[PDB]
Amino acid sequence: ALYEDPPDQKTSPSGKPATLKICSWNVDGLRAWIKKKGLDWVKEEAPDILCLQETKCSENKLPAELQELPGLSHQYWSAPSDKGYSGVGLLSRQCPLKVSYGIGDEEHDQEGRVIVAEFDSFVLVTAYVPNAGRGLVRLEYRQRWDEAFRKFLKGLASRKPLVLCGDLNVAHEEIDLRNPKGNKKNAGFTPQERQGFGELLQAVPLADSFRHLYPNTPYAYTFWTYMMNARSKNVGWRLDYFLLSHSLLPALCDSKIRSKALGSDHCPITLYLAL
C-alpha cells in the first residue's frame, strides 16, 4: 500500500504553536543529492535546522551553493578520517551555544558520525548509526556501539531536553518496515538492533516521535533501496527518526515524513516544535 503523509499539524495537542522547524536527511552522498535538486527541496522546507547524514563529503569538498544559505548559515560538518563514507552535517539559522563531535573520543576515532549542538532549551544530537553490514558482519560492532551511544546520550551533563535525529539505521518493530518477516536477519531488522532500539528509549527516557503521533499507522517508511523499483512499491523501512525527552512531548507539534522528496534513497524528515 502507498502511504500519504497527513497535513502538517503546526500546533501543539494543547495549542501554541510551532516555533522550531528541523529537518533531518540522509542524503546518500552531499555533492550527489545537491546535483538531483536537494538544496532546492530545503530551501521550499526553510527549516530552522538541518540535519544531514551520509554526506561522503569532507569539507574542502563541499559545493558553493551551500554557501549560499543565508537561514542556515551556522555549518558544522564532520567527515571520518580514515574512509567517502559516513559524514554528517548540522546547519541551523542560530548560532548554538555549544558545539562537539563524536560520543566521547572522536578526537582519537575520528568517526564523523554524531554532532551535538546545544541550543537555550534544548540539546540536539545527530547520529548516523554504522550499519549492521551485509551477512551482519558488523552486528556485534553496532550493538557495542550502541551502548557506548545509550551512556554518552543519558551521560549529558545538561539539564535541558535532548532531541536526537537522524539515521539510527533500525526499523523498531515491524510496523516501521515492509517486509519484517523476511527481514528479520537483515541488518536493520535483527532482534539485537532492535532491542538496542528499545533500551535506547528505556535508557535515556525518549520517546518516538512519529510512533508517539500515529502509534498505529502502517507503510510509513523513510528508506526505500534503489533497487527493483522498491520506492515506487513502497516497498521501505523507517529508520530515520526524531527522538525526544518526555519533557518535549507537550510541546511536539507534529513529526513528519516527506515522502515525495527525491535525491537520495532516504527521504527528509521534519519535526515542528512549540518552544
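Residue numbers count along the first chain shown, from 1. By rigid core we mean the largest C-alpha set that fits within 1.5 Å across both forms. First, how it differs from the form deposited in another entry.
Once the two forms are fitted on their rigid core, between the two forms the CA displacement reaches 2 Å or more only for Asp105 among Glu174, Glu199, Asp105, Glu140.
Here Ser121 does not count as shifted, since its C-alpha moves by less than 2 Å between the two forms after the core is aligned. Annotation for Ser158: C-alpha shift of 2 angstroms or more between the two forms, rigid core superposed.
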Contents of the next structure:
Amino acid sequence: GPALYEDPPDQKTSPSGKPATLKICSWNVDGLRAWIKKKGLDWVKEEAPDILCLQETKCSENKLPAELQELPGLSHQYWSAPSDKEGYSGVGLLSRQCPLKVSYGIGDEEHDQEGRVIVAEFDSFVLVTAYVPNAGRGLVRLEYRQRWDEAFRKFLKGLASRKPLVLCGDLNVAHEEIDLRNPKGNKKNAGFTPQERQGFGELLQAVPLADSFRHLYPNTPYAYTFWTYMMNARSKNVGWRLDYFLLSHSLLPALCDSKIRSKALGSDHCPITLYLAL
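Any chance you could show the form deposited in another entry after that form deposited in one PDB entry?
The next block holds one chain only.
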C-alpha cells in the first residue's frame, strides 16, 4: 500500500486563545491561463482567502483572463512578469485590503529580470511572495541558484529587521528528507541538492524565520505540495514539499494553522493556506 496523507482539520485559533483574522493562500498554478480553464478560480472563491499568492503565472498583464476582474473579494491585484522571457515565471499577489506599500524584485538587478518576487507591506507585517529559480535538469543553473539564495537571504533579513515578515510561495527546496517521498534517489536532483538544502537552512537561521507547517507538525511525514505530472506520481503520493509559509518568530504567537490543500487540482502543485490571529 502507498504512504498517503490527510491534512488535519483547520485549527482557527492561536495558542493564546485568539481566533484567526487573516487567511493567506499560496499556489504555484503552472500557467494562470490554463489554471483558470481548469477552474482554479472557483476553488479560490470557496476558500475565500484575504490574500492570494500565485507563482508561475506565465502570463503578461495584457493577456490576463477576464475572470480575475470578477473577484470582488480580491480587488487589489499586483502582477510581475519577466523583462524579456515571455510565458516564463511570473508572480501575482491578490488582496482584499489595499497594502500600504508594494514593490517588485529583491533590489538586485541580476535577480530582478524574471518577475519572481512581489513585496506587499501591511499594518503589522510584510508579505513576500516568491518563485525561486529552479536549478534545472542536470543542475545546469545550480550555481546561479546559489547566487540567488544569498541575495534573497540578505534582502529578506533587511525587510525582517524593520517589520515582521511572512514569506510564501514556491521556494523550490525540500528542506529535509521528510519533505519528499524519495530522498536518497534525488540527492543530485534539483530541489534536494545539499547546496539548496543548506541554503534553506541558512535562510531559516539568518533572517531568522520559522517553517510554519513543520513548526506545527514536526514529525508528520508524506505531506507534499508538488507531484510531477509524469508517471502518475500524484495518485501514488510521490511528491515534494516545495511550497512554504515562512514566518518571523515574533508571529508564532499569532499562528493558528498552516495547511496543505492536497485535493485541490489544476496544477502540479496544490495550494497551501495560512491562518493568523492578528
